[PDB]
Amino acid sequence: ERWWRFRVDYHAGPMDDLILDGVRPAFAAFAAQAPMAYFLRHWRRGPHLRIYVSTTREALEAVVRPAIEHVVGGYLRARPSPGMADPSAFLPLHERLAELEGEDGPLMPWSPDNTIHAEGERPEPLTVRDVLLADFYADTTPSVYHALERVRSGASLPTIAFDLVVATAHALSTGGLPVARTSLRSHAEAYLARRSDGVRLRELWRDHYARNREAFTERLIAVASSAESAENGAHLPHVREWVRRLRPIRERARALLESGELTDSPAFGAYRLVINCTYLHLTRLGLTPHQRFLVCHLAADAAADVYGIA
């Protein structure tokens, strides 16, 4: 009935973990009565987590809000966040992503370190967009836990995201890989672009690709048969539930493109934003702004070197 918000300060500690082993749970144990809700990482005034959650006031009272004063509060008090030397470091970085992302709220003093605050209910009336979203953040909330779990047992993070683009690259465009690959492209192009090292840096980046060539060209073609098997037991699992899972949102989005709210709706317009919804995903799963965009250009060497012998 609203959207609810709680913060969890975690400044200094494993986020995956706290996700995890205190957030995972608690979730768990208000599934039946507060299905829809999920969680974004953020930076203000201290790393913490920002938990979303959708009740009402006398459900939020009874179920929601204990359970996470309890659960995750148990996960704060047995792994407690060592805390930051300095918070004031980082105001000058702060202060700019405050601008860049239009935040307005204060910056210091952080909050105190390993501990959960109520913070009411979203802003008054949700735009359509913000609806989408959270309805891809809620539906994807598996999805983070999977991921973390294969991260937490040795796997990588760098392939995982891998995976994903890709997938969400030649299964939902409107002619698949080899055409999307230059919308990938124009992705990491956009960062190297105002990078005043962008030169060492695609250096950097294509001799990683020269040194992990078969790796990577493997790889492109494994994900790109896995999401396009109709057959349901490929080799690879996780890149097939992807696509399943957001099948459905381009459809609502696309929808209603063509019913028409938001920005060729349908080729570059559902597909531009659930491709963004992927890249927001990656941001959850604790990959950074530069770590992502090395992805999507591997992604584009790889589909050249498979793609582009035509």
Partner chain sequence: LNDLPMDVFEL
Second form
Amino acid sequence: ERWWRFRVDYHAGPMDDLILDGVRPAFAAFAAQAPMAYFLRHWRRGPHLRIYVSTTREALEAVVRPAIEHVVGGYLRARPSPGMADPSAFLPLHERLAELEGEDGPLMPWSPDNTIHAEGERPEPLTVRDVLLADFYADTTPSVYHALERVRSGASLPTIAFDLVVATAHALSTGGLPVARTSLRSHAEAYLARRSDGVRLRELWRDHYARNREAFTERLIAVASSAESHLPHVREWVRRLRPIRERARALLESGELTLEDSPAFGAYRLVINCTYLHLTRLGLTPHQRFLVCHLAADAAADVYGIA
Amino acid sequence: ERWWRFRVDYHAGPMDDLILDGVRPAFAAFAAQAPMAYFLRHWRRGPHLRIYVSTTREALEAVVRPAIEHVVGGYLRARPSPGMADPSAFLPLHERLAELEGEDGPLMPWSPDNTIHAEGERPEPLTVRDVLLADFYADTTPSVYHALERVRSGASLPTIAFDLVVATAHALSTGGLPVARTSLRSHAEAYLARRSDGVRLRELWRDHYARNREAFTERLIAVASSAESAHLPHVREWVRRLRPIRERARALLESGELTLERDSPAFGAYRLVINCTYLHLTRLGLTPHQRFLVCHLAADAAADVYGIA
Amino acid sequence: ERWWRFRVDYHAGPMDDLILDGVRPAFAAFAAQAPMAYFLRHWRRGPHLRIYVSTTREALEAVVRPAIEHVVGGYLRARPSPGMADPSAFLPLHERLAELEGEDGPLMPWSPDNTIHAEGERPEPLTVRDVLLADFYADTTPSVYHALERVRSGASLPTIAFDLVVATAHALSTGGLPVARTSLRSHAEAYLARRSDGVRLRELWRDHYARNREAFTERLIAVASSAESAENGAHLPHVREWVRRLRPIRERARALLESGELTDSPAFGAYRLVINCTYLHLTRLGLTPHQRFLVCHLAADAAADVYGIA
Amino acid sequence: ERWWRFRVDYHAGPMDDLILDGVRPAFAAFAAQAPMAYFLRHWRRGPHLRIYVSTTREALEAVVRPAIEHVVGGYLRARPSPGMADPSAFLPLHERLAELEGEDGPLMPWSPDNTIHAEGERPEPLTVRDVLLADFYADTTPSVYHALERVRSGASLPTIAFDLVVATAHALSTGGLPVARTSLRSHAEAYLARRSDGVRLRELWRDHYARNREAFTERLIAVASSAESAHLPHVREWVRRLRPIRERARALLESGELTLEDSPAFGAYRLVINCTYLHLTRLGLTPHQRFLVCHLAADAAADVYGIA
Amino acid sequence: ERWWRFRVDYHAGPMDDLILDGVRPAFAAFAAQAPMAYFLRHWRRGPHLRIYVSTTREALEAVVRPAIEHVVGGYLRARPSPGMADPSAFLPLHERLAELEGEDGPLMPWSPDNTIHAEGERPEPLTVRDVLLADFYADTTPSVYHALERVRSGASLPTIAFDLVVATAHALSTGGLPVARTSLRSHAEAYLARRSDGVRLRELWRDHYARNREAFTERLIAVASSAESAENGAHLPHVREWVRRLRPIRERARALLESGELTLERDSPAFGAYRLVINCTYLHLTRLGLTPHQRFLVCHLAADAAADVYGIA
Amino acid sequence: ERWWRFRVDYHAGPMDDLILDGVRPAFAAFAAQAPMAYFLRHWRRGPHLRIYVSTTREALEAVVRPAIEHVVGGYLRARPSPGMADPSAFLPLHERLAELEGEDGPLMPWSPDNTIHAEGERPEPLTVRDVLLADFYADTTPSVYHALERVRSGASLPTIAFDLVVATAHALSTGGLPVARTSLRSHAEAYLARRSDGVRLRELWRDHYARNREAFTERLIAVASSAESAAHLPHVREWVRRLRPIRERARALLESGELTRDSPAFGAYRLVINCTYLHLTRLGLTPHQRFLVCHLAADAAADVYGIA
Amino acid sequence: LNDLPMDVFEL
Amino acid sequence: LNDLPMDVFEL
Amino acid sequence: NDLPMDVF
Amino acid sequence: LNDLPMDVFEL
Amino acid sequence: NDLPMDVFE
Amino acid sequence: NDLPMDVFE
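Form deposited without the partner chain already given; the form solved in complex with the partner chain follows:
Whole complex next, starting from this chain.
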């Protein structure tokens, strides 16, 4: 009936693993009794995972709170985080992140490493955007798993970032990639604009695109061919995302959300930003996100600029 | 001895022709007694030329003032500007120029059309750059005539801009284009940043750059080739004439003559020399938007050349 | 089923002539098939007219396009524009206006003079105010013809502006002219303000008003008397027409602020759009913004000597 | 040899009376030793006068200070200011006045009412601009007196402003009212510009001009009349008083010691017309009333010198 | 059937006295016939009173205009105001207030002191706001007298304001003072930020508070108590009637917002109604004689007190 | 005798540790030759230490270069810095910090972690402020190691900061805490006025003081006397002590022209108050913590010394 | 030749 | 009852 | 009873 | 004497 | 040869 | 095949 929250600290250890070899099996255990659950990386009081599960109180105490305490808590004992030498070194970054993200909690002392912590239920009344979001995560948790397996299997993470954010653009937009590429470039540009060495960075990203042009131009052609049917995750992600698009279109045709025209470039804008929120879930840093969008747009230029 | 200033008004007529067929004769006809003279294009109070002549007060009334009034006025009465219908229509342009300007002279009413006005002598002191700047303009006046001829005989003005900007950046910077292309991109980026439709624009310019990549890259190599000498005439003319100003600039950043506006020799003498090139491009009648598009194109062109290394 | 667009280039000829003797007969030719048609002046790639006609694809090919190619084409061959000597003279202004207006498209070279071009249908289905705007333009096309003809025959375009601005102010404001003479002076003040020699301009415009005061007030009472009349026989003809044509656009607008459609809103809200529409008409008739402001300012002043001494 | 300063708090009391029946006799009682003297109104820390007197410390102790303490102090005791119930109420005004002038002094608490305070000598060296301003004030003190009497026995303070600024514009400009009437409007416009009811102000002021067009226009010719040439007192006095200053203005503009705030034209007039505005402040005219007067002046010059 | 206006000039006289000894009796004198009356203070053309009564013109000449000229005019003869020294001394402050409150009308020359002018009726229709305000002023008039009569005997007007301000934030907000004290701090801080010596006047206040901490905190605990109880009595009457008389006003304002006839004066219902009602309180205190400065000081002290009491729990 | 600096990159690991097991040994191994040697910590191109030392060109190439690259270098290979994930992730802090300090230079890329890099003699601005301040960095380098392993044990750095600033304010002003509390609030109220959520922070902080009130009123009364007595609290009398030579040194230098009794009084006041704040930055508390501590002090101050 | 009316609110 | 003047440079 | 309202 | 309370979100 | 500078070609 | 994302190659 409610959303229950857990905090897993895992400061200096690979989160990719905690997810595939701890949280995924914990979730898989109470899937019968509580199939609605999702997890999110966060930074406050130490790098960590926050788990959010939708069940009744005593279903929590009987099958969910043990699965987590035991499966996940097991992993923690198997492969502990070494810890972070100085938590205070991150303090001025985090104090900034606090005010910047609106994060209201204490920042020091750090919460104990390799530890689970029940954090009760989430505030009480939720907005309607909060709960389309919650649904998006849950609905996509398989694709989180699908992708983190291949990353650990040797595959470049930014390349999945690429294909996803490209294919989202060619599929779930009003007019395909020849139109939606603007939004890609717009995304990178909002970043670059705020960097002091924005210009030397644009030169780096343009030099890099130049050297490896045939590479990006081939792969864009492929991600686009396959977003509209020889690649797996693409039409997995595409088919997985269409229902949130047209649900979102309905949920603005009625009008409950653009506090932060709208059935077109308003639905798609929601789908694409979830495709970004997903990338954060896969561990991709902001800098590589922007870097990947910039490469797409440039790539988009050489292929769809000639029409 | 003194800098004497004249205003020629030409609101709608072909400015290029008043420069070639009016001002050039005049300047010649008093070259003997005063050969240090230049002219600028400006917009304030209506499109107009500003003539700058260095001479004595005697020689002004004696030979040059009558050369302008007769020779330029001859041009004016022979081929008058049909004038512009609604001078106030230009306000959104001349105010947005007023800000980036820092002029605060009256934008209106417009000086009368097809008329010469005497404007006396420049202020009283001239900063070391004011002098150095006027020398750049005087020495490159022939460059102006040569480019406008070609324009009148069909040549593309933006292509000329490309050559000059790229050439300057290679020949006269410390490391040549490999290093200098950054400053090319920097000049376009300061413009895109200030423009709300900035993103849309970058798309437009990258599309266009990809559409013709082989052209721009082969062009850039051709021009960079004639700097360090060739197939292009005006490029090393440009370099040759600019180099002495670049040299005079360095030795004036060393002794410390302008500290208000090796890297006094590097990003300093080359900063002024490339800004001069841009001021020259304005003098050829290139709009700011067109300058910025040519730089950005030069930068992307420089990426597929000096960046695959 | 769509809005189809044509461009006709007329860089340097009498644009009103093209409108009265080219575009009007062509519109008359396909009216029975497609009576939602209108046209707007515009600057990009040389002065040109923009024709907008609402019809099905089959009707465009069979009646609308042939009418325009043949009738307007005839005007263009009979009475060609001489052309502009040097178009680049306008490039810096055009770059600027393309920025302020969100005008994407080339700026040079200009489109060939004395020429028609199909520009296809309007992007995709439109906003709500858009549609209200097209209705307004369509409905006031006869109003355009009547004025342009009267101007060509020697009537003062600034006086027509005067009448239509006064009339819209009086009839379709809540309080009429005594309250809404404020809105008139305001619209003039935004321009006087934004202008480095405003003070000298205000002097000139007040010198002018002073030098000719009785004419402006007798005229002001006139337009006002005629605009509130109701009896199809008052001093001026078009004024009632204009009021009579504007009212139901405002009604559609008040209702269209009294159910959240676009942006207190029954009142001064639909009158704000109705007066903007009037200003958009004057631009269509060839009046410069400067002449408009001048019209507004003289109108405010005239109202002071009328509604300010009682 | 030095400029000595006195502050006289008089918060609610009739500042015209303190001037006419207090400071004016005091100033006469030491004229013999110290004829360079003036006074200014001000609001900071309470409505108060500032007294400016030039002599030696010796004349100061002997004749000036006892003159002020006895004569002005005498006025203060006979007609004390009742005070202001609530000084903080004035901050919506003073705070605004402090940024406008660029004041930089505390505004609170107020100096005690009905009190003379010695403030010593004016830091030290004066600008050429200061010296010329102090002299303008000095030489026009009787003109202040001349206006406050008329105001006290009934006259409209605004009408006196009207007559003064119109005549300064006609008699001391490059080419009379037809050219100078611009500066008038320009003065009003700069205030309307920065007021968010600007446009509604202009309607009030123009309706008012319209209601009363022939009053202002006939008044304007008459002021324009006496300026050039016998039927308006202060006007011709105000002009004759003022002409030696603009000549002094032009000379030190040409020689060059001022232009921080071609030159004997739009320079001498700029300085003397702005000194006229400073006189009207001294007369107790509010900025609002002055701008109003200026607007109506300009409008009236439209209907007169606009039908050319 | 409409709102009639009266102007009573009383420049330097004791205003709290004109209220109680001249105006209130006149009001009782026609209170069977015209129960709907209220008065306001204002500055324009000299410190005065604005009287509003709502009846017909035929009740006007019969029973309301006479009881004003007899009982009010009777006060004016018996205790006439001295006079202000110089009207023009106030002009520049009045200019600034007129810009601020958008006033309109002559600022100069003042109306004659100690005179009574009948000003006729409010235009034709009043906004939804003005109608609610008028009701509020009328309903709170006996709260004025009570407060003033306590003032006439040396009770501290700021202390009345402290009680009212605190009581409204506790009773008529959603979370009571623990949540609403914020709106008490916010008000004072708005004032302090306007003053270029804000940070110095703050600690003058934060200091004056701490010297008296025990007196403030335990009156705030006590005012809140008389604000919530749930009884036919408490131990501070006037707080109880204040609250009880504002609750309808809150409800009627939340209703009015919900249906769309206000938003000048979950959130725009409840929270809009709270802000209207705390604002009506402030408007009352100005009617009691409180100076804006005194009001900001009282709010600042309430918020210090609240922060203590509800922080220590 | 020319200020030779260095740079120690050490990103992730405990910055307090190579101060105590890397910099402190080094400053012994050349303690004799060159006396004065201090360090500051910074963020540009990576969190790092900027070490300074006054000396000669061969003094450095002989002992203190091989001193610094034996023990510091011996450490950097002992407990290396881990490295950091996304250096570029700090740009939202680094872009912001640059614009407050004003300092220029590339914020990116980051200098290679665990490396010492020699960086020369810094430009001629040998003004007396810096020399009077680089005294204090080296003169209180004890007090840095001092407080830093009180931190290593498990003492709270904020509490220390509270102690030092409150003490500093108490013994070092003219009129003690009762008047210098003002100084402490302004420092805090400067941060509040500058930030977005400014008015809400002020609320967080003032609420938090009242909750925990007597904890602060009692630690203040205690800190107060350990500065005032001529021993309850260790690090307090020890800091008050070091700082009053340096107060007197700035005392003197201000009256006599070398710097900028109203700044012999409120002159050596800030000189020493800012040193504290700067010391504080050296210990390692964020500017945010410093501003909170100052706010709390001023709150606590106003309860004890404020009913006076 | 009287004193000028100045009550801009006289209507 | 006709065309209003509108040359502002009438003089 | 009444609260103390003296600031300075 | 003990350490200081310094957590403003302790509630 | 001259570069193409028509961005909208 | 995977795309190179090494921009200091």
